[PDB]
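Protein chains: 2
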Amino acid sequence: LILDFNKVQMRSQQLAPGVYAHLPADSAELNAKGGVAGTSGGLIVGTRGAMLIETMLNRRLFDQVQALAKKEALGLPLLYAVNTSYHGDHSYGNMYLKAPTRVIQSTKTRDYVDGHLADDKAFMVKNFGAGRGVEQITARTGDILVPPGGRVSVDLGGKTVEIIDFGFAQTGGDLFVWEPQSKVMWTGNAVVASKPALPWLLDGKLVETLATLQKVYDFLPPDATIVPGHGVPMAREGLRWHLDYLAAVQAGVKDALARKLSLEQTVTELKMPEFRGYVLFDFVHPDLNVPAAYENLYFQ
Amino acid sequence: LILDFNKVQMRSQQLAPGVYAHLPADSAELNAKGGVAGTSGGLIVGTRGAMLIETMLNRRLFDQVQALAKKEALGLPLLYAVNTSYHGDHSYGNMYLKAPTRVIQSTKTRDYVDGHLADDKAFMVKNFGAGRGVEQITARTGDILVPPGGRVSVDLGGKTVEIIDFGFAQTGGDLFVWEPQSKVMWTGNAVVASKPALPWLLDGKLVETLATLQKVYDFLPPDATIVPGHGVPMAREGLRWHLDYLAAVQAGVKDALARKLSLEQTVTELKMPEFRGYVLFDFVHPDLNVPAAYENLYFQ
Ligand SMILES: [Zn+2]
Ligand SMILES: [Zn+2]
Ligand SMILES: [Zn+2]
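If you read the protein sequences in the order shown, they are chains A and B. Throughout, the deposited numbering is defined as the position within the first sequence, counted from one, plus 27. Throughout, the deposited numbering is defined as the position within the second sequence, counted from one, plus 27.
Hint data in this document are derived by calculation from the structure and do not stem from the laboratory. By construction, the Cβ of each residue, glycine as well, lies at the ideal position given by its N, Cα and C atoms. A couple of the hints might just be wrong.
Interface residues of chain A toward chain B, partial, derived using beta-carbon atoms under 8 Å [as the list claims (entries may be wrong)]:
hint	residue
1	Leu28
2	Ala52
3	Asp53
4	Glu56
5	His143
6	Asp146
7	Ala149
8	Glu162
9	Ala166
10	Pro223
11	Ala275
12	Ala278
13	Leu290
14	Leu315
15	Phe326
Modelling step: build the complete structure from the supplied sequences, incorporating the hints.
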């Protein structure tokens, strides 16, 4: 296993008054070395209650972030929990929430969980192992659903949180969480981690993903804090690595398609050694991102 | 990638008059090293025409076994093609069959493909790479469907093939193909390969899988030849490796449960070094099979 979710230990990092990141203890070390880190989350606390960002893969990690949240919110109720995407490491813990907490997710997330949780769980067991808590998961879909391209505001008392679908960034029901007074943005999987981590273009939706992340970059103020899906907080300029990588792949694949190169020749040509460093580079880049983008842009 | 389906090259190996195995060229080498081999298939020919076993992952591999079948069947028509399970490496090639070929598969396979082929493809791209022909696959379900626990016979002229659902061994729609004259049985994934390859208990259904393989063992004559899903032919006694492994896991887990051991100490205790050899042992045994069996037997 590249990442053993039974070995992740969640810690609290205060970002501002009432605003916290939930981070694996080894996440800073792994991101610096280009490793693969566990899921990041967070907590925003207002005057009357709190909002949890991500509910984690399993009961163990859910219990850890719930314990952190009790200290962070000092007894105020958990009013909301947000899933940035359907991916189980961000959403499987929904089942362990109690009243009065309401789940916020995209309508696409709800549709997918409703129809396919069983095969999603099978996939997660295959890649992250059995006995990591996935088998126990039952479906708990959202209460408040953000439609495609939509946004909603949530008032926690004195703090109003923005939950925004900027467009396709990984799944098609990707939500960003924006806390405008501390200027903290949670991206979920849409931003994996700081450099040298790479985006995963699972469906080859390169053009959409680049446009979405450009909109996020243009939206954020220069002093914003970004909490990536699998990394520790970073500054707004940390996004440029991802924007440059996607723009380089887009320019290379478009040029390949204009010259009518085969897929194999395109993969051979777009080695892009200047973007290496990620421990998974030699899989994500030539065995997923480049061929998937080629196949997708073939039809555009 | 543990196995690159773009590098597999299928070969013909005759087992009897009109009975051929379709085996990757390196399957014998890989089985002897405890490696991970590509999908095995086969062909049975009577006076009326031929039956193809497994339609393979992609167009390249489908075309290879179709070319072999044209020589093996000496111009006779391809009357049938059988999918032993829904797994794409056994069935994705269905879409490329032409008239008059009829597909035989389980009703469970048809139901899974109808509801979840898109998810299945996404899983196969993640774990076997993009650009390996999975993206091109469209659904083509069976003409003749075997109900759960059912069986059907097919007369090819001078040869009658038995297609049998012996019970749950991998997916719940697992079909075995039995040719009583040559005494050849195809198992699909229900038997991965000869020793040291291990069963994959993806659902933890240990008792059911052991019972199914025991029934197959009791069914076969002592001079039967088995074509496993991912290996070269085995003798009937080669099943005892898999039967003994599953019985050992069941005894170990049952005794751990009765002593009130946690999942983590059951994994630590069930090292079972006498069943080593598989290059995937350190994953499939402690990270899939032992935990999944523990969780499946937990409430009996
Ligand atoms: Zn994630
Ligand atoms: Zn599905
Ligand atoms: Zn297989």
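Each hint, compared with the structure:
no.	hint	in the structure
1	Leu28	holds, 6 Å
2	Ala52	violated, 20 Å
3	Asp53	violated, 20 Å
4	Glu56	violated, 24 Å
5	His143	holds, 6 Å
6	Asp146	holds, 5 Å
7	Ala149	holds, 7 Å
8	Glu162	holds, 5 Å
9	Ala166	violated, 15 Å
10	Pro223	violated, 21 Å
11	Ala275	violated, 18 Å
12	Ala278	violated, 19 Å
13	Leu290	holds, 5 Å
14	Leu315	holds, 5 Å
15	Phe326	violated, 11 Å
The structure fails to meet hints 2, 3, 4, 9, 10, 11, 12 and 15 from the earlier list, while all remaining hints are met.
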